[PDB]
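Every protein chain except one is present and positioned as in the full complex.
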Amino acid sequence: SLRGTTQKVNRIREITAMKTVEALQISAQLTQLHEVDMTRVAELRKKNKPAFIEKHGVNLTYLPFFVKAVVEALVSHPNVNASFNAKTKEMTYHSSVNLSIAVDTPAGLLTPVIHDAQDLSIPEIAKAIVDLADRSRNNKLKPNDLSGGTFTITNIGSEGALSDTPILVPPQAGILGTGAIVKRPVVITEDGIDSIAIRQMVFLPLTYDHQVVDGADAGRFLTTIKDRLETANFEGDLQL
Amino acid sequence: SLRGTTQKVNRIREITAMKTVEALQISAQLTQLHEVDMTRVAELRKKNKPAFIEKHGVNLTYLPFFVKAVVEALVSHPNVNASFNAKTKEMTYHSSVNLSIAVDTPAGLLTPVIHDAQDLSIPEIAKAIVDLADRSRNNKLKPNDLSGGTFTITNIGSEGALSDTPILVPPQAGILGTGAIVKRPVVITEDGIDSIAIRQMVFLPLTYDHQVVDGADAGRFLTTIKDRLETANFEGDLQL
Partner (left out) sequence: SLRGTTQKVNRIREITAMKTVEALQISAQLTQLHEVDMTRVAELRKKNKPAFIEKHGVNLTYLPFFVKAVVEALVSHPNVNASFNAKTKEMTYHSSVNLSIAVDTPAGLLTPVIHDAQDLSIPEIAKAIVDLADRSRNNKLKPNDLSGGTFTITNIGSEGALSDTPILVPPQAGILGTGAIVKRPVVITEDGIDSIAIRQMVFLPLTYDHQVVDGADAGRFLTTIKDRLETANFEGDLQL
């Protein structure tokens, strides 16, 4: 149908094309990659999935665990939950964590926002993602659902990708991609013995703006997220 | 010889320097990475290499398999074999797949084009790559051999790289890198049993223009390529 034709793009595509080209010219984007052992989260998720759907009415995916860890890291690393004004040379450190979530829709990519995500529990996050994705796909968003974001999470693993260099959109200073969670052979070291284990591993590429965040700051922020996910103390957070 | 000197660059270098700096400013480039199990292609290639050289006169490398899978994916994903006009907001979906191939030459990188690649078999692709690389290296190209490309494949694995973030050149919307194919330990899951196998693995970084392709579209396009290569039903395609 499309093949061999020239057609005017829809408004979402036109806006995305304009915003992404401009975004790269008014920021200094680079992507740092860390690997995280998601096995404990995967086991916790598998064990509690039936009780979660029964009590909260929504499916329990990996995304609310990534959101909870990222939002707590943005509170303890306020330098990342920030915006730079290149005209006045002032940095604004936001008190709210307004978390943008990339949502794939048939008309194009949309980035709705979970406002004040720092006040939400894992069940509330799971419900907000479902509500935003549904309203994004059915033209039921309001303008304020698409603005005010202070950081973004993009699920690049939804379509099989291990990694990407996602584009951040100023005034945001960071966008985290959640790669595909894949079983991999990894090395475990305990009591001086190196051995090979099968673990659920994920790559987390973080695109950050070098105007706001330096490489070591990005590493410290990603280390906080990694340690939270690897310990996986989320049982109480599930409110079952 | 070069060390401690200042010299005027040759024309290929001057053009590359100008085109690549400009390309990044008029597009929104990002690179998505997937991993593909090339074992079946490697076994098929090893088994049929002698019969291929004897019948078709050229060596059988991995590149014609990547080209065949990519060209079929560009036909089934017309949204990727496309160009965006930022002035009129129109997308042109090309009917031809004119596949650019990056060729390393002593005077610099050249990107000759296989026009109407969708009409070619694996032997015809193998011969066209050899012809274009030879004419690129011996100053025997014509101007139309270097224009009209709708997508590019760059063999970054030729010099050992696992991955890269290759630069696309508008009006193209995508450029795929074929990383070095390396034996790696990977996890196989069958009948509920996780186990470790040695497989020939490759990383395929795709740089795409966010004006034309969103992240989920890139993932769906790369999934089509991955499934074609992993199944490796190419015996009949070899025309032996």
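Lettered A and B in written order, each chain numbered from 1.
Everything below uses one rule, namely that contacts are C-beta pairs under 8 Å (C-beta built on N, C-alpha and C of every residue); 3 or more make two chains touch, one makes a residue touch a chain.
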item: Per the touch definition above, residue among B:6, B:138 or B:233 touching the missing chain; value: B:6
item: Listed residues A:12, A:30 or A:130, member touching the removed chain; value: A:30
item: Residue ranges of chain A at the interface with the undisplayed chain; value: 24-35, 75, 78-79, 81-82, 84, 86, 88-95, 165, 185-187, 189, 194-196, 203, 210-212, 214-216, 218-220, 222-223, 226
item: Residue numbers in chain B that touch the chain omitted from display; value: 2-9, 13-14, 16-18, 20-21, 23-25, 102, 104, 108-109, 154, 156, 158-167, 182-185, 196, 198
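We adopt the following convention: only the chains that are shown with their structure count from here on.
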item: Between chain B and chain A, distance of the C-alpha-averaged centres to the nearest whole Å; value: 30
